[PDB]
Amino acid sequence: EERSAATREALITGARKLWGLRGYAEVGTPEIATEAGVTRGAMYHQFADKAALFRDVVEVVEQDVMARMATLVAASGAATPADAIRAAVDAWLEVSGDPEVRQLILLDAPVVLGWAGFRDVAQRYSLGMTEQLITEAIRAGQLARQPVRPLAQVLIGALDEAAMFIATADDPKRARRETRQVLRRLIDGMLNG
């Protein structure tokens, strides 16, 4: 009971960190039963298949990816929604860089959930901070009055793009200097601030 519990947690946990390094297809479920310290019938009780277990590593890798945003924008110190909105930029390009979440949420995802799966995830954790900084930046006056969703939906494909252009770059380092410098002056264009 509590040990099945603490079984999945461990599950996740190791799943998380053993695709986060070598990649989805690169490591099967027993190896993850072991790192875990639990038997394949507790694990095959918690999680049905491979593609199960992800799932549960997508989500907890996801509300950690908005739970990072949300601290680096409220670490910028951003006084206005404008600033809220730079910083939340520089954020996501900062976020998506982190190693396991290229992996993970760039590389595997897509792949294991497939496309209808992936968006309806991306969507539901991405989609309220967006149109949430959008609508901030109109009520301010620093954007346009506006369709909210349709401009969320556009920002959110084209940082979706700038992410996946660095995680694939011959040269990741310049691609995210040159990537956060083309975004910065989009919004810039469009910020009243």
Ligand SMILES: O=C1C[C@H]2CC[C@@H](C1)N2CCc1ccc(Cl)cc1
Contents of the next structure:
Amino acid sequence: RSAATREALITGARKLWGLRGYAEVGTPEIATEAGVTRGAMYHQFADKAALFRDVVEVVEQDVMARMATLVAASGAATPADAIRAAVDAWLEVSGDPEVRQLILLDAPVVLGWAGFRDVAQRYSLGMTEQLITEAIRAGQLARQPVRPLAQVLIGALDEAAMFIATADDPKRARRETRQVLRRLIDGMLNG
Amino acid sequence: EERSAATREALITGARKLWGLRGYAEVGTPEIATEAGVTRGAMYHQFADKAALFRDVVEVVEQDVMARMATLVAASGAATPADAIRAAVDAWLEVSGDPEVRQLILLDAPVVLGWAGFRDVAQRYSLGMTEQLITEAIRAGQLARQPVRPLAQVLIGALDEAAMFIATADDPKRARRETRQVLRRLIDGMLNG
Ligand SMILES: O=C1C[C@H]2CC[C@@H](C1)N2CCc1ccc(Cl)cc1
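In place of the form deposited without the ligand, output the structure of the form deposited with the ligand bound.
Starting with the chain above, the whole complex follows.
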């Protein structure tokens, strides 16, 4: 009942904020999209931002699931190639207009830098650390502190995606950032 | 007139010192006016609210940060662009570890300015020095020819994340030394020199 209200509201908000952005859609329009009364909604979420926080969580899960089930589809033979696939996977997925609007444009404003880092690192650190660990185990990456390299790589890839998202010419920004990330990764790795 | 100009400077200096020591959250504007030796009225004429005064403090602290970074690189005796990049990475870790820069720039600024405001300030003060350093390394053949603005923006995301990671760490001394190792390995892997 509570879970079904929550699910209906998250799906509705994810769709409409996805299309027009957080700032353009009010909570009552979301309630109607969800087939929920203002009252049922305010009982599950104090305000707009609180609902936005559950939308971010659900979108980040999908984004990480999409990326894992895209690296697996790359058929990378080594950890080094899996890191390269994972970088491409993130450029592919952050180019999704919903991920661009909710995660790259609205999330930083609504959550702030501290909040966004918490969410970003809650969802990506483990996958990033695991990928670094495998490259070390295979001799393709120098033994080196794993958590700090992971943190830095996630700051770079998040910033890469934000640079593309707000570029005058995103098609050009993608191809140029892709060249830059390929050089950064090739400079991080062993051969 | 001249007293209005002196009030502005006194309030920025006083707010910079007290917010530096205790956070933005822990010092009200009345204690800042007293520290400055001026009236709430002279203060409200120069700054509409607390946040407005905080924005002038951020500007003055960022100027000191970039000046201290340029000083540290020039002081390193770096003969090449590659060595200047090595100095500049160390200089950023050194300067962001200053407790005033940690409190005002890493913890308070993103909250008080918000995302758009803070990014605009951060980019205004760091992009130019970062782009210039990359350009020199390319001109010297010590860095592969590549798009300058995108490499700069990626590197700034890495260095900003590095600084935040150390600022909030359980063991900042360890975080600094380990992040320093990782950044140095990354750039030693890109630099032809
Ligand atoms: O929702 C997400 C996607 C973005 C934005 C927030 C955080 C988790 N970010 C992770 C970006 C990332 C991290 C590691 C790798 Cl290998 C690739 C990409």
